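Undergrad: The residues making up each chain are set out below.
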Amino acid sequence: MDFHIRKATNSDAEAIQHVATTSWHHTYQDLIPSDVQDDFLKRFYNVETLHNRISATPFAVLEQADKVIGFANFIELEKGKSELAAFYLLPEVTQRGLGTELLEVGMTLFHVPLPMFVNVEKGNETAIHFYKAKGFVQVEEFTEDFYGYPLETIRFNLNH
Amino acid sequence: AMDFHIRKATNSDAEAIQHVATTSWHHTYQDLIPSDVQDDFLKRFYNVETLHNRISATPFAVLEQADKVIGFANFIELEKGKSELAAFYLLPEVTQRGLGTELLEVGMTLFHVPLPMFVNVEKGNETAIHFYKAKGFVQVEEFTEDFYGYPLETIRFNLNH
Numbered sequence: 001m002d003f004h005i006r007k008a009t010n011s012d013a014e015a016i017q018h019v020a021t022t023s024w025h026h027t028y029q030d031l032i033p034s035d036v037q038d039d040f041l042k043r044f045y046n047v048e049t050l051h052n053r054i055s056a057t058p059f060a061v062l063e064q065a066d067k068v069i070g071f072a073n074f075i076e077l078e079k080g081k082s083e084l085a086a087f088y089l090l091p092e093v094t095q096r097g098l099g100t101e102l103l104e105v106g107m108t109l110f111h112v113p114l115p116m117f118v119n120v121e122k123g124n125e126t127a128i129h130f131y132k133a134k135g136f137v138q139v140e141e142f143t144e145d146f147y148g149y150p151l152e153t154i155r156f157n158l159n160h
Numbered sequence: 000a001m002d003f004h005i006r007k008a009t010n011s012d013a014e015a016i017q018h019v020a021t022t023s024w025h026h027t028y029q030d031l032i033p034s035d036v037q038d039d040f041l042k043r044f045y046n047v048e049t050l051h052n053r054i055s056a057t058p059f060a061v062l063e064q065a066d067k068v069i070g071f072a073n074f075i076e077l078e079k080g081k082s083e084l085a086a087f088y089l090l091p092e093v094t095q096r097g098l099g100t101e102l103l104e105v106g107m108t109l110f111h112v113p114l115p116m117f118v119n120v121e122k123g124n125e126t127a128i129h130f131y132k133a134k135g136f137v138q139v140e141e142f143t144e145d146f147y148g149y150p151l152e153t154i155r156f157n158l159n160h
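Chains A and B are the protein sequences, given in the same order.
Number 42 in PDB author numbering belongs to position 42 of the first sequence; there are no gaps in the numbering.
Number 42 in PDB author numbering belongs to position 43 of the second sequence; there are no gaps in the numbering.
The set of hints was computed from the structure by calculation and includes no laboratory data.
One or more hints might be untrue.
Example chain B residues on the side facing chain A (calculated, C-beta under 10 Å, incomplete) [what the hints assert, rightly or not]: (1) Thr49; (2) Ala56; (3) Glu76; (4) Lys79; (5) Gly80; (6) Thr108; (7) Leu109; (8) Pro113; (9) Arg155.
Here are the computed distance ranges between Cβ atoms for each label pair [to be verified]: (10) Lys132/B to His160/A: 50 to 60 Å; (11) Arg6/A to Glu125/B: 52 to 62 Å; (12) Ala133/A to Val137/B: 49 to 59 Å.
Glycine residues also receive a C-beta, built at the ideal position from the N, C-alpha and C atoms.
Put together the whole structure using the sequences plus the hints.
TA: Right under this line is the structure:
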């Protein structure tokens, strides 16, 4: 089936909320209590906050069958460096080369500078594998206090 | 008066943030806590490596003027759509100029920080207390912190407008 990657608009807020919520509930199921996940999702992925985020910094969406199935948020950090601030696919659309397209095409659309950094929860083996497969390399590792919970995080960069 | 910027912290800012925290601590806690004890806290939470991690993982804003970081704020999540101002420091030299108001308000914008936001303040820090009350913060709790065996009378405030 054909897919398209495109710049996001404010209208995409509900779809982005859904992708993030579905992905969180699936990936964090053994890593973070549900009530904490939902608190974060309600705080950062409510529609109002998403309008502000989408307006402030570049989001790309992956769409297929007229449905947004993935999204990426790129943020410029300082001269010549950027952060992959958010990157999610629905679990149903993984392992099909689409994450690679979202990343590479999103970076083109927004002329994203390299190095680009990403924080990844150390427990998300699927995400760790993906970033390593795309050529990301570890720079730092630390434990985040996330709602009072330890979240072990690996920070990677991509520079080619 | 001069131009100033409020912006997100970067890893490079770690040394300057350490300096602001250290200068502010030594000034405001001078009659309360010995400096060697203050310095142990600063070593634990404001060493450069820990700051790199905190800057990567959590909302950190800096106030910059004449090319120097002169203040910073760190905002952390609480449950139920609440926030905490986990750190809010200005150099003693840049207080009373309207700059803390900007750091707080613009810092909140940059990171989409929701109200209510809570902050803990030492009871005898008349300057900080006046600042929070002036911005419309309201006391909601009172407690004594054990700080390396020293009592620190603390007032907890929040802002919700």
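Undergrad: With reference to the structure, classify each hint as holding or not holding.
TA: Hints, one by one, checked against the model:
Hint status for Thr49/B: holds, given a least beta-carbon distance of 8 Å to chain A, under 10 Å. Satisfaction of the interface hint for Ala56/B is found here, the shortest Cβ-Cβ separation to chain A being roughly 4 Å, below the 10 Å cut-off. Taking 10 Å as the C-beta contact cut-off toward chain A, the hint placing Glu76/B at the interface holds, the least distance being around 6 Å. Evaluation of the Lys79/B hint against chain A yields a held restraint, the C-beta minimum of about 7 Å falling below 10 Å.
Using the Cβ-Cβ criterion of 10 Å, the hint placing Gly80/B at the interface with chain A is satisfied: the shortest such distance is roughly 6 Å. Because the closest C-beta pair between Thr108/B and chain A is about 9 Å apart, less than 10 Å, the hint holds. The restraint placing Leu109/B at the interface with chain A holds, with a minimum CB-CB distance near 9 Å, inside the 10 Å limit. A cut of 10 Å between beta carbons decides the hint on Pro113/B: the least distance to chain A is about 6 Å, and the hint holds.
The beta carbon of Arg155/B is not positioned within 10 Å of any beta carbon in chain A (closest approach about 16 Å), and the interface hint is therefore violated. At about 53 Å, the beta-carbon gap between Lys132/B and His160/A stays in the expected band of 50 to 60 Å. For the pair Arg6/A and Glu125/B, the supplied restraint of 52 to 62 Å holds, since their beta-carbon distance comes to about 55 Å. The hinted range of 49 to 59 Å is satisfied by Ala133/A and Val137/B, whose Cβ atoms lie roughly 52 Å apart.
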